[PDB]
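*Asks:* These are the residues of each chain, in order.
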Amino acid sequence: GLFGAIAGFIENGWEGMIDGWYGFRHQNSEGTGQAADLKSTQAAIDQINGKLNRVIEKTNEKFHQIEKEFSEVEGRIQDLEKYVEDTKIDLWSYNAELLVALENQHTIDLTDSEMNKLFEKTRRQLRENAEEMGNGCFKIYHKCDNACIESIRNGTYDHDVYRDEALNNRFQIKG
Amino acid sequence: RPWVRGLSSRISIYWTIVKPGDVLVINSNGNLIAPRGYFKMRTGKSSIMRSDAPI
Ligand SMILES: *[C@@H]1O[C@H](CO)[C@@H](O[C@@H]2O[C@H](CO)[C@@H](O[C@@H]3O[C@H](CO)[C@@H](O)[C@H](O)[C@@H]3O)[C@H](O)[C@H]2NC(C)=O)[C@H](O)[C@H]1NC(C)=O
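Residue numbers (the numbering used here), protein chains in the order written: chain D, 1 to 175; chain L, 176 to 230.
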């Protein structure tokens with residue numbers, strides 16, 4: 001949660017959303033249902049499988065090298081043949097033990113991105129038409145339903161046309 | 176030298192490679208354990224490994 005979102009302010013875990021890596025939950029008149037996404041689910045996983053291909057299955061094929069285990073005390077060259085190979089392992093390790101640290105931490109602020117860039121999208125295609133109820137979930141003024149849902153859940157939403165319930169239930173009702 | 180396989184004396188192995196267009200010359204007045212020929216010299220990609228794993 002560098003971007004904040006995940007494990008940030010959406011502090012709840014979506015239990016068993018198996019139809020993908022993302023989605024929504026509509027509380028319309030027709031009851032409920034947690035819907036699955038794409039351009040974000042394929043989006044992130046697009047990248048993860050990208051930095052990875054980079055890592056996994058690639059370089060290095062070396063044939064004849066220096067010996068590294070030794071049967072009798074030789075001194076000098078010996079010492080050296082060690083210290084050289086030792087230094088190698090040693091370095092190569094730190095490169096490894098960080099390729100992870102990095103790729104790993106940023107693997108994160110990459111998922112906690114697609115989130116904080118979708119709620120941040122819905123909250124764009126629709127004006128005063130609704131607001132994320134407090135935090136996490138949203139709040140609607142129209143009687144949106146399963147059919148009406150394929151609006152935002154398809155970016156097919158008019159905050160102009162389908163606007164009727166605006167000021168109203170908002171700051172308009174008694175107080 | 177210590178008794179090895181009966182014998183108390185021994186041999187010292189040495190090597191010499193001759194590049195195309197050069198001649199080899201052996202000159203001994205004793206103890207020469209001369210060679211019967213040359214081994215071919217490849218460049219390739221081979222090595223050797225101490226391991227007890229089975230093929
Ligand atoms: C220099 O000294 C060494 C040792 O003091 C001599 O070597 C010993 O030589 C004898 C024969 O000359 C070897 O004896 C045989 O040993 C076997 C092994 O157990 C046994 O089966 C035979 O019946 C016999 O006893 C003995 O192994 C060998 N010892 C060693 C470790 O070398 C060497 O010959 C001496 N050189 C000269 C010119 O004095």
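It should be emphasised that the hints constitute simulated quantities derived from the structure, not laboratory data.
Ideal Cβ positions, reconstructed from N, Cα and C, are used throughout, including at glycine.
Accuracy of the hints is not assured; some may be wrong.
Unchecked claim - Facing chain L, according to a computed beta carbon distance under 10 Å, are these residues of chain D, among others:
#1 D46
#2 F63
#3 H64
#4 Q65
#5 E132
As the list claims (entries may be wrong) - Okay, the calculated beta carbon distance ranges per label pair:
#6 D:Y83 / L:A209: 23 to 31 Å
#7 D:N95 / L:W190: 19 to 27 Å
#8 L:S184 / D:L91: 36 to 44 Å
#9 L:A209 / D:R54: 25 to 33 Å
#10 D:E57 / L:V193: 43 to 51 Å
*Asks:* All hints are to be evaluated individually against the structure, with a verdict given for each.
*Replies:* To see whether the hints hold, each was checked on the structure:
1. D46: This interface hint is violated because 39 Å lies over the 10 Å limit.
2. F63: holds, 5 Å
3. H64: holds, 4 Å
4. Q65: holds, 7 Å
5. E132: Where the cut-off is 10 Å and the nearest Cβ of chain L is about 61 Å from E132 of chain D, the hint is violated.
6. D:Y83 / L:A209: 23 to 31 Å: violated, 41 Å
7. D:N95 / L:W190: 19 to 27 Å: violated, 40 Å
8. L:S184 / D:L91: 36 to 44 Å: This hint is violated: roughly 49 Å between Cβ atoms.
9. L:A209 / D:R54: 25 to 33 Å: For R54 of chain D against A209 of chain L, whose Cβ atoms are near 59 Å apart, the range 25 to 33 Å is violated.
10. D:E57 / L:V193: 43 to 51 Å: The hinted range 43 to 51 Å holds for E57 of chain D and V193 of chain L, with Cβ atoms some 45 Å apart.
Figure legend: structure checked against the earlier numbered hints; hints not met, in rising order: 1, 5, 6, 7, 8 and 9.
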